[PDB]
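Single chain ahead, written as C-alpha cells, the form deposited without ligand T9V.
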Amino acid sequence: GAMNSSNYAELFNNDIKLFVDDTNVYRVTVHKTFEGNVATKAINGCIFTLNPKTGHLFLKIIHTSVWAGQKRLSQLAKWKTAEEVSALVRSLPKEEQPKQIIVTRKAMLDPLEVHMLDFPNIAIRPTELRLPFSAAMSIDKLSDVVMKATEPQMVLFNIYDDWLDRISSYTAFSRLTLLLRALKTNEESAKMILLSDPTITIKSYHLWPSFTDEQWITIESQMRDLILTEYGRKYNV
C-alpha cells in the first residue's frame, strides 16, 4: 500500500526502488496578452526520479516542444511522466530495475500503472509523506541544465554528492529533505545559508558545497531554525 512514517526505513533496505516526482514536468509563466487576456507560456521542466538508497537521480528534461499542439497539458504531463519512467525502466538491465516505484502525487498512480502493465511485478505505490521534491529546481545546477536544454535529454546526477562515504542513506536522505524543505519555505534564506561563506565551494562534479562534518551540523541547525522561523512568520507564533 502507501508509504508513511511507519514503514520509513523501507526506503533504505536493499530492494531497488525509485521515487517519481512530476511537479516540475509541466511549467508555465502566466502573462497578459495585448488584448488584455491571460495566456500561459510553457518553460522547460523535468521528471525527478530518485533512488533514495544510492542517491542516483535520473533527471529527464522535459523540453517545451513536447507540448506543442497538445491540449489538456496538466493531464498529458502525468501520462508523459509515466511514459518516460516506463522507458527508463526498460532501458535498465533487469537486475537494475526497481522492485517498487513510489509516486509523490496520487494522480500519477493510474498513468504509471498503465504504462507499467508489462512489469506486473513492479509495485506502484503512493505515499502519505509531504516530500519537498518540488524544490529541486532550487538547486542551481539542476535548474541550469533544465533551462539550457534545447531538446529532450536525460541527465544523471548523484543528489547526495559524496555524502555516502561518511553517512548512511537514512541520514543522507534526511539531510536532503531538510535542505529541500528549507529551500521550499524560504529559498533566498536557504541559499544565503548554504553560500554565505565563500571559502566552502561546490565541486564541479557536485551539487552542494563541500562541508565538513562539523559544518554540516551547523548548516543543518540553521535550516531547522529557518523552517521553524518561517512557520512563525507565516502563522504568527
Second form
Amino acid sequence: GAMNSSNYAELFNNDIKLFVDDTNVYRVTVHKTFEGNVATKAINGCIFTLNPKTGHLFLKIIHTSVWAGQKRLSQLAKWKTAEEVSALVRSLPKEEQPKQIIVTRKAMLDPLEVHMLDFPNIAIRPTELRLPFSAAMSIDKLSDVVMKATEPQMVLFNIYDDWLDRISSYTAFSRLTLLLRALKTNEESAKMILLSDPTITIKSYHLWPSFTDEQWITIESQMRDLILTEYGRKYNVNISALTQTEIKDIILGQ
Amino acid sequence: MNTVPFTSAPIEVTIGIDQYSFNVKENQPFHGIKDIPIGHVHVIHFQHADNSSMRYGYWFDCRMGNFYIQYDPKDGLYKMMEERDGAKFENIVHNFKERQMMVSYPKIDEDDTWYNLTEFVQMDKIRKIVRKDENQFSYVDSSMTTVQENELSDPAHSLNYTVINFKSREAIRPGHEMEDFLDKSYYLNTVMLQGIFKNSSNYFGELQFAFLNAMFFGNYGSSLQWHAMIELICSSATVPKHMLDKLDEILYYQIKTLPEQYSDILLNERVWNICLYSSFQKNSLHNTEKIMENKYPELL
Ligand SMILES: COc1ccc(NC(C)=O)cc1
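Could you present the same protein in the form solved in complex with ligand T9V, rather than the form deposited without ligand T9V shown above?
Below, the chain from earlier opens the complete complex, with every other chain and molecule after it.
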C-alpha cells in the first residue's frame, strides 16, 4: 500500500522497515556572481535512512565531490540516494535486510524501485505522513559530522539515544517527530528549550539531552507550545482562544 | 483477385473485411467476398447483430490456401475453414460469382490505406503471436489476453506479443539504472531490436498487428502493446533516422484510419502527450503530431 487510510502501528511491528528521506542529499547556497548572474554552491548533504522500531539511523554523508561535473543535480540526487540505499541493503546480512522501504517523497519511488529490481520481495512504499526528517540537520552532532566530512562516509546513530530502555518504539517515534517538527518550525526556540537548563547535559554517545521521565513531559509540553505559538504567528490566529480538540488537530494535522 | 466464399449467413451479423464493413441480415443470400487484393494479409471480422459481445475474426493470406467461412450453430460463430480440394473450391466460387451472391472488396485505385496499415505485417509472423499451427489463418477476438496480461489465463488462446516492461531487469543494466530508465536506447536497440526482433521490420510488424487487433476487435491487451511499442521508441534518445521517419508514417496512417468515435477508448492520453510533447522524439514525428493536433486536439 502507501499510508492513505493509515495504520501507524505497522511502523512498530517486527517486520524490518526503513524510512528513506532524501530532502538533505543535494544542498546548495544560492549567490550572485561577479557579473550579477546567480550561481549555486553545493554543501555536504546526507541520506536519512531510519529504522523506526530500533532507532538505528544509517546517515550516508553525501560529499560535494559527488556533484563535480554532473548535470541535472536535483534529478541525479534521487538516483544517487537510491544507489546508496540499495548498496546499504546489499551490505546487510539477509536477516537484517528490510521487508519494506518507505520513502518520504513520491519522487523517490521510481529511482528506488529500479535500483531494487534484484529484491522483488522488498516493498517500496510512499507515505501520507508529513514527516519532519528534513530537520535532521538541526541536530548539532548530525550537522557537525556532515559539514566536517572530506569524503563519502556512512555514520551510524541511534536517534532514540537510550529511550527504548524506558518507552516503547511508538512513544520514541512520537517524541522524535515532535522534536524534529519543533526544530523545523523554530530551530532557535527548540534548541533553547532543549539546551537552556545548565544542569542537563547530552552524553558523549547521545544526540539529545539526558532528561528524566518527568523532564521529558515538560520538554514535550514546551515543544507542543512552540509549534502552536508558531502556527498562530504564521496564520495570525489568537491561539489563547483555541480548544484542546482544535490544538490537538493542528499538531498531528501537521 | 482472391475470394472467401461463405456457405451461408444464418445469423444477422456485421462483417468486416480489413477497414470496410457491411451488414448481413438473418438468412440473407450472402455467399461472401470477392476481388480481395493479393499481396497483403487480410482480416475478416464479425460482430453479431443479436449480441455485440461476439466480436472475433481471422487473419489470412489467400496466397496460403483456399479459405471459406461457415457458421457453426453449436459454437455459435462464423468459422474459417481451409478447402483442400482446389476444383471444388473453384466450382463453388464460380457459381456464387455468376449468381452475384458476393460483395466486392471495395478498393479505390488511389487508396494505399491497407498497404500503409499492414506494410510490415506477415502471415508467418502473425502465426508466432497467435499459435494454432494446424490452421494457415489466425483467430483473434475482443477477450483474448496477452502473455504479459496473463503474468499480471488459458495459455493456448493467448496473444504472444513481446513483453515490454520499463521496470524489469531486462530493461535496466545493473550499474546503468538512471541511464537506462531515463533513456530507453539500450532496451530498444540492444535488447529488443538486436536481441529479439532482429530488425525494425519485425518490430514495426508487431506494432502494426497490435494496432489492428486493438481497432478491429477492441482488444485491450493489443492496445497496451501498441502504446508500449510507441513509448519504447519515443523514450529512446538514440534511434536510427530511418526508423523515426517510418514510425511517423506508420502512426500517421493509424491515426488517420482510427474512427473518431473510438478515440476515447483506443488512445492513451498519457502516452501520446508524453510521446509528442516531452519525449526525446517530441520533434521527430511531424506528420503524426499534425494529424493528432487536427483530429484529436481534446486528447492533447
Ligand atoms: C554494521 O551494520 C549495522 C547495522 C545497523 C546498525 N545500527 C545502528 C546502531 O545504527 C549498526 C551497524
